[PDB]
Amino acid sequence: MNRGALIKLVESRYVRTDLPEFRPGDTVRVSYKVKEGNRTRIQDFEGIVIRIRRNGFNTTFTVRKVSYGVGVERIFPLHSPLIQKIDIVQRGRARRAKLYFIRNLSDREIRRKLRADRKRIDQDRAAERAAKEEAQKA
Amino acid sequence: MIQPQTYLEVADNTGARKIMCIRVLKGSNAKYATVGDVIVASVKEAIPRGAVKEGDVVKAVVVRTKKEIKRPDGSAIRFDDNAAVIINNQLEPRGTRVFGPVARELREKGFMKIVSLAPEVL
Amino acid sequence: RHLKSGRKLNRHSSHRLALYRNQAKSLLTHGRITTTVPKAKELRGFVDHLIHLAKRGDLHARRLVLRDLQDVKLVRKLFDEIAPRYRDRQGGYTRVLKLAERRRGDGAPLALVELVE
Amino acid sequence: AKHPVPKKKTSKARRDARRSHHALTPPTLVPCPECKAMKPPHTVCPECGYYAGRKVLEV
Amino acid sequence: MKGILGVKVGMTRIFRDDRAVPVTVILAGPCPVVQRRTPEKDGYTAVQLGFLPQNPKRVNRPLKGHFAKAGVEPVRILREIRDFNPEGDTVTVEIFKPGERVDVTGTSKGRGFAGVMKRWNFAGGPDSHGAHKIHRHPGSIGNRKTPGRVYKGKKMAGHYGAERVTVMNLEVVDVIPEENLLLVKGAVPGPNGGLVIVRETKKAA
RNA sequence: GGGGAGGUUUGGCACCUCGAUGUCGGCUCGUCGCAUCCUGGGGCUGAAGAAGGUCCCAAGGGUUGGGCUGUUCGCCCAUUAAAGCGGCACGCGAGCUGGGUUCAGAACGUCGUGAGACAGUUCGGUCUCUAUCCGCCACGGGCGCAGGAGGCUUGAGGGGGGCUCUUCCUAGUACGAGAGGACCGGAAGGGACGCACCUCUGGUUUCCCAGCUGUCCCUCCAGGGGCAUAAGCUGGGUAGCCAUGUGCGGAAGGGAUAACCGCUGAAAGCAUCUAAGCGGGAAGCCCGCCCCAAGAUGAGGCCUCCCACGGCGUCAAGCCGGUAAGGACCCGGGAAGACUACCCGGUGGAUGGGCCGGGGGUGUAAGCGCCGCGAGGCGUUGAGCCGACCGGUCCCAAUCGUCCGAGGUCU
RNA sequence: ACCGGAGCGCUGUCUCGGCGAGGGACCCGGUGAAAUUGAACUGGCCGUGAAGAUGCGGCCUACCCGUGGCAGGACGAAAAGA
RNA sequence: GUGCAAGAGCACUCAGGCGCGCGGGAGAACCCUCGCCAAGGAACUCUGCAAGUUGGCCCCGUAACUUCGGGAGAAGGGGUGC
RNA sequence: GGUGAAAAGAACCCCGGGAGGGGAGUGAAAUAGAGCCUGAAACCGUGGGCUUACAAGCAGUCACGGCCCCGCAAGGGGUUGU
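Chains as they are written, first to last, in UniProt numbering: chain S, 1 to 138; chain G, 1 to 122; chain A, 2 to 118; chain R, 2 to 60; chain C, 1 to 205.
The hints are simulated quantities; they were obtained by calculation from the structure and are not laboratory data.
Here a beta-carbon is modelled for each residue, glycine too, at the ideal position from N, C-alpha and C.
Hints may be right or wrong, so weigh each one.
To be verified - Okay, the calculated bits of chain S under chain C, using three or more residues with CB under 8 Å as the criterion:
1. 69–83
2. 114–125
To be verified - Sample of chain C residues lacking proximity to chain G, with all beta carbon distances greater than 12 Å (derived):
3. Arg-13
4. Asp-17
5. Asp-18
6. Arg-19
7. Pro-30
8. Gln-48
9. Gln-54
10. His-66
11. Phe-67
12. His-129
13. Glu-171
14. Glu-200
Could you put the whole structure together from the sequences, leaning on the hints where they help?
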């Protein structure tokens, strides 16, 4: 009866980790979806990002993307609908974890305060064919 | 969040670019509006060369909220403003060219002719 | 459904942290100080946790010490003496307790803070 | 001076009834373990004190 | 007819089907059957259910340890459920199978002093325009000379908070036997460890 | 042409009120009356179905904003199930508004020769913190409860509850010229709403962090400190608290009944729902449904605990102290809270502070090297900093103990 | 720093209110008033009167008394009606 | 004194002075003064009334009409630290 | 406007920081004790004798009762439940 936490935490039948590692830089590829009358569609979601509410389980986060006309916002939760979801252009570098002043002035001013963390790419590529050495032994 | 003064915009080709919501054509004392309600908006501005003119009362289909509407599938979605199109006094929009994406919000309203024209869906 | 997270109040944020730090300075000067109860209560809380912070011995949290209070000389006294004592003492380094009669000039409760190693 | 001004004069009855609701209530004291003194509850008596023994200057 | 005791754990918006649903988990917990009640010898339809055991020293007294089956006394008492009568066994969770709505009585967070604007719902006054005297207040009350009385049962300012109330119709989603967690819809007042119980709902016909 | 009803409008009476009754309309808070706007219903039709005209019953609920309306009668658009009519001093300025009419200024008018006159006009222009009782909202202290006590009670009164609209399957069928278009039952939702939750939605968070400045400080640099608010300024914000977010509900069913639809049925060889009796019949009445609830002075019902005289009152009723079972104190505290009350734990111990660890917020700290003429930047370093939610943990704080506490009236 | 209309962009004026700061307002120890005041042991009510009843008749309930208050009654209070 | 264009205006601050002659807690409805807000942006209402935006310095610029000084520092906008 | 006839105006000692009291002496008198002849009522207090917590009030009066204390008797005080 004690640790009410551990109660609420063991309740987590959801432990979905079929996704890479991310940080407030970028993200890009795929989400999921339904659209057509009864599922059937794979509407991926590329682009950037915005906010991350990490309640552990209520890990839901809104994305910035920009659809032709203007821009779009969307909150997704980590644990089910977002099929493969897998990003690609992760990148990093942000002096904060709440990017909002972008919805203010947005175009090249973005790409200015937008930098990149090669670091992540480095360890990703290291882990790439160090897994060829994992296709060797251990 | 719309009311009988909420200045709102359009993303169509037809004529008007800005109007002002009058009512919601629903539960008449509701007034609050998200992606689905029906504003009988009064036209405010249009293009000086074409049909449909400034200041004619028009009925109107609603999209794009600025405080994300709570999605059934867990999520939450909104656009970059508060806007949509007109409905005419014999059902459907007097329009023909959408600018930018929509949501399946509209799809859940069952108005497909709009959605087939819709380039991106959310 | 009010004060739904607890605290002892009076004064204001500024004068709160002020007289906090004050009574805490004069505290760690004479080591043992006469006061009223509420003062003494959340004083012993704040000072308890604070003394945990003082227990260590790193530049970082030391600047942090004088980042809070004032004179660094008591920080001398603290590191070279208080740390080796409370080296084997964790989680309760202040004994502040009540007293009779009360502030016999306005009828306010009494208490006193002690060293306690 | 303004509005709610005593309609009439109150009775001594209701006066000292309003007064009656406040009978002066006594304090609380228990003895000190190893002495003769009625210290207030939980509190250490001015002299004597608690276990371990300290202060002791309330002649 | 049916029912079970419970404590509020959680509230999250789990993804059943593909959906965000408010899920309150209720640790019904070990609720042993003890004093059974009948009209003739007592008064009404009831049985007694002890939420969860944790009182040897700090309770004393008859103990329903005498009752017939010991079972000691819970951390907090056994209670007489309106409409309920089992066999002779400990009720916990599996008596409620996946896919049913139930009534749910809560004891909930008190507040104390409560104002009208969040008790009833009035219009406060001008944050500018007229008097800044009134700011937040209900305004008038009753009529002039006739009738003249502030009516009995009137809506006024005072207390609103800890109330004993049964809520109507909420689907039971799932059930856990090993630790004892019933999983249902999303509401339940009280603290995140406050007091709440299940009854059998009064559905359609 | 008759007579009546009701006292919302404009008048008659001047009878309380000129030993200060302060005003339309607007905001606020309602409550009622039904001669009823809408939803129920039923009969009638000069009622094909769809719709309408009329009368009667039927309040449980509902009845929008807006521009010119200051505004008495507005008007119109946009709605809506309809956008009810009225009593309540034209309900309600010791609740508010104050555009208003009735003050001194001042310009228009007008009438009189003029001081002045108006229910002719116009701009601005100073509504006196305090609750003595009843009334209402919750919070308590007294005593009852005819042995004393720790728990579980029934349900009577009383209260909340009672809204509507959209599309489809019937069925484009019956009906019918086609258009059109069904009763009934049913089936998915939104609005007005009541209830509750943080889970999501997005909100405050007063020191939880991070970048900036004028000044002054430590200590000269780095670094840090108040001052600029009663936080100097901004960026963000979990738990808590919060609505727009989020879940839940009105009904359903029974009983009698109205307006009304019918049976058997005579008085009177005919009739007749009525005279004897029966059926059906409303969102309405009561319950059913949710809240209060044993000062329901009826204090009721139930599990159990304890137990003579232990001492006078020789009869009558008590009295008197240690006790029983237990309790009251004080603390540590609290999702309890104005106090109270309510709840837990009390060295027997995880009750609070601290340690600690998880979550969580801030989002690579100071300090060393490296590089740059340098402000800064790079490795260190998603790191330093750490208020609530989850607890593992006795170091500090709940020591110690204080006082109170049945003797079971009576037939 | 005068008055009428209109838009521009900013707004808690309002939709519609929630959270936060002090000084309070709440319990304590010290010190403590006022205008007024025949009385009081002061209820709902349909009646009843110089026409507008806590008190008279009737009817009904509500055990005795007090804080924190909303301000409908006490035909208001204050200056013996503008 | 510093820094702010200048000054004595502003903030911080030198000497000087004061902690303003009752204190203390819990941390209500409500009140004074102030802070925030999703999304709407005068629907509030007697009217933008108050609050609210707007503020200094360098330039791009400034119409009708004029009695030539005006309107102008118009309006609308760009730039501001090391 | 007031001690007494005159100050003989309270020495010595006890509680207190004193202020005030407590024993004394004094004088006929010390509620003649220093603002001291009388010292009503309003108004504010102590014990105790009697009542009042099922109750609707110009609080008084009439019949009765219960209680406490005067009365030898009968009586009577007064308390005030119906």
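*asked:* Need the list of violated hint numbers for this structure, in ascending order.
replied: 2, 3, 4, 5 and 6
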